[PDB]
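**Student:** Single-letter residue listing:
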Amino acid sequence: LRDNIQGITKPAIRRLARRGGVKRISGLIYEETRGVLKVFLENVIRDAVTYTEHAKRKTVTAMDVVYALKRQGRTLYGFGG
Amino acid sequence: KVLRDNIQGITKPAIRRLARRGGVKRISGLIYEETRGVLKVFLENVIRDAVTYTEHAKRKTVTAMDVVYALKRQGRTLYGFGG
Amino acid sequence: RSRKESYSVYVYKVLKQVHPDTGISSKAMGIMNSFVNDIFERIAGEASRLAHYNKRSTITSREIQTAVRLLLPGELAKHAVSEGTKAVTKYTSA
Amino acid sequence: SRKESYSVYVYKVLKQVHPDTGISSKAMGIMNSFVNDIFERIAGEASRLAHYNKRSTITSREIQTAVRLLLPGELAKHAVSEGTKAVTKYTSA
Amino acid sequence: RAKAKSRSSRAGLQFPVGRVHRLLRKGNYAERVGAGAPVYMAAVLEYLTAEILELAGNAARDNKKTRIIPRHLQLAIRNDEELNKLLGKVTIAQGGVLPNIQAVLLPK
Amino acid sequence: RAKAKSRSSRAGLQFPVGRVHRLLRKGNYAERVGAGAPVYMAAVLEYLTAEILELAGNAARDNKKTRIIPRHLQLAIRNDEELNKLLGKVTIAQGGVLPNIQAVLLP
Amino acid sequence: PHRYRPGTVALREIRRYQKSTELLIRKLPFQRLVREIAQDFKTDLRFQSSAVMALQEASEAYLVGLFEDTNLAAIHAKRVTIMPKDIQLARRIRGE
Amino acid sequence: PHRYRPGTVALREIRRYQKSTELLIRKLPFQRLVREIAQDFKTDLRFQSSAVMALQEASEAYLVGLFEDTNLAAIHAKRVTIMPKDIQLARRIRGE
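Protein chains in written order, with PDB author numbering: chain B, 23 to 103; chain F, 21 to 103; chain H, 32 to 125; chain D, 33 to 125; chain G, 12 to 119; chain C, 12 to 118; chain E, 39 to 134; chain A, 39 to 134.
Hints in this document: simulated from the structure, not taken from any laboratory.
Some hints could be false.
[Stated by the list, open to error] Once the Cα atoms are required to be at most 30 Å apart in a straight line, the calculated DSBU-like pairs of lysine-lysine come out as:
{"#": "1", "chain 1": "D", "residue 1": "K35", "chain 2": "D", "residue 2": "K47"}
{"#": "2", "chain 1": "H", "residue 1": "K47", "chain 2": "B", "residue 2": "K80"}
{"#": "3", "chain 1": "F", "residue 1": "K60", "chain 2": "D", "residue 2": "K58"}
{"#": "4", "chain 1": "G", "residue 1": "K37", "chain 2": "F", "residue 2": "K60"}
{"#": "5", "chain 1": "E", "residue 1": "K65", "chain 2": "F", "residue 2": "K32"}
{"#": "6", "chain 1": "G", "residue 1": "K37", "chain 2": "G", "residue 2": "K76"}
{"#": "7", "chain 1": "F", "residue 1": "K92", "chain 2": "B", "residue 2": "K92"}
{"#": "8", "chain 1": "H", "residue 1": "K47", "chain 2": "G", "residue 2": "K119"}
{"#": "9", "chain 1": "C", "residue 1": "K14", "chain 2": "D", "residue 2": "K109"}
{"#": "10", "chain 1": "F", "residue 1": "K60", "chain 2": "F", "residue 2": "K21"}
{"#": "11", "chain 1": "B", "residue 1": "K92", "chain 2": "A", "residue 2": "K116"}
{"#": "12", "chain 1": "C", "residue 1": "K76", "chain 2": "C", "residue 2": "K37"}
{"#": "13", "chain 1": "G", "residue 1": "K96", "chain 2": "H", "residue 2": "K44"}
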């Protein structure tokens, strides 16, 4: 359960880039991408934890994730709402 | 009376001065027009909301708060003119 | 059992008027439910502010109307206004 | 024909930090806009937390959580510390 | 007692009216809700619902289907400039993206 | 009959408490507001107020003054990442901007 | 004869405008532009002087922030001169 | 020894990934990433499977939008290949 950022495989990164319309990827992208993804996750997860904690729970629910995302200018549709 | 072409009221030096404050050193001749076409959209969006708020309140004169709400709606807050 | 509310039944009906021969997946329905709750909150939220700003305790068809104009862009905003204005005019006439 | 603001309280606070510093009317007007902006947000979030958890009452806890969601890093933290105390003390006061 | 009648039918709406009347008094948005408030709103929610479903339905037909899936909703919303914006920050589960490929990336 | 006493004094605060309580219960934030909420909040608003004023006072001194003006508030905020972030979208009248010039523009 | 070279003054002006706090856009011109725009939606449209100023500062702040990003785009493109396309990229990334 | 030239396949993958809706990041890996981050706030924390998916979809959506802007920046820079800096510029313009 360490450096699981490496669990984000290179192809996984490239495929996202492709979906974004990226045709060629610099060899230094993989690491740079991770440094951004991680921050995104940190901000969203933490808010979800904050909401979870407020509610006195241990299990993070989809709703806690939705509130965390929501407030960042990102409503997510599909998990309730 | 109706007004017109006050987009030119935003003079060239005025655009340059704004650009310079923003750290822009050198400005292409086409920027002036391009910039105005963007400023205009911004103004249109803010003024319109301010008017919309003004009309809702059934007033004719736009106040600072109507502008403040309009800007807040677009997400750019402004301090010192109310709040 | 506890019970949950949604607009699933109303969404089906609307679908029938636009596309009488089509259905909808459970996910698309879940999305439409997320959608309705989002729009509702925004309009109600803005309407709340208008009532507050203009010193009222009541939301009327106008606060709803203005909230619509502020939240919806261009013409889409208009049809919503036309339909609302009418629905009230009509409701009291129906 | 009467308004209310925080101008008097802001003035005092300036002295707690800078006893010899004065303030313009505009800086005060800006601080007033600031206070009202933060107030609305925290109250907004506290409302919501009560709403999400299907409740009618806002307590010091909702305020605390709201502070964290809105404020970043230490500001959120020092505010929680101070809020906690004021309540702890007010009760014992 | 006089016969009770559903209000949605009455307003020429499919969306519930009494309920919206109610929901407008919750979250503490306003102490009171006017009689025409939920009627006006119900019409709006229904209208927008129809616009999305119609466009999504067209997408379903483009794909030779008999129903709407999350993808069709995404395509519909994005292709329609005004809905694209209304929901411009919305992430749709399994929405995918529009097939937009920059010309500079293509050969001759 | 106990003498009326400002809560701000009781809480050791400068910001009003009774008023905050008053504002919280209305504006339709909730049906009810607990006794400790206004107090917690008053402390928070006061804390943040102090942080801005403290830094602005320092900016005032950078400019060799004994006073705070809109500019000093701008400088105070933008040289503090956390306040800058909290207010990253705030336009301050006559606040101005920071004197940042890119190296690539220089000789 | 004596004069400064191109770019010497530009850097100077960058310093100076960053430094000062006043308006860079003329007031009556701006005010009129506001009205010219306003007259599209409706007539009988009046403004308080404080409303116009509020609009002006927000408007300048907007453009200045836009220029900062524009300048970066020009730098990204290895240039000093900003062109309409550097503005357009910045806006597009913002999501305008 | 038939081959498809550089860029033929890359465009193909772009087409496909734009079209499809499925998750591109492996699940067990992603799930663990979430937890590693989570444990830095709190040990013995749990997630619903729907919460993890909700995070993953938002996470991918974020990165894809980022890549779209990154791609535009690279194009602005007259380049097909995206470099770490193009990501950085896009983020900055966005206020990050």
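**Student:** Does each hint hold? Answer for all of them.
**Tutor:** Going through the hints against the structure:
no.	hint	verdict
1	D/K35 - D/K47	holds, 24 Å
2	H/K47 - B/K80	violated, 43 Å
3	F/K60 - D/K58	holds, 29 Å
4	G/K37 - F/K60	violated, 39 Å
5	E/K65 - F/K32	holds, 15 Å
6	G/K37 - G/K76	violated, 39 Å
7	F/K92 - B/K92	holds, 18 Å
8	H/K47 - G/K119	violated, 46 Å
9	C/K14 - D/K109	violated, 35 Å
10	F/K60 - F/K21	holds, 21 Å
11	B/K92 - A/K116	violated, 36 Å
12	C/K76 - C/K37	violated, 41 Å
13	G/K96 - H/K44	holds, 25 Å
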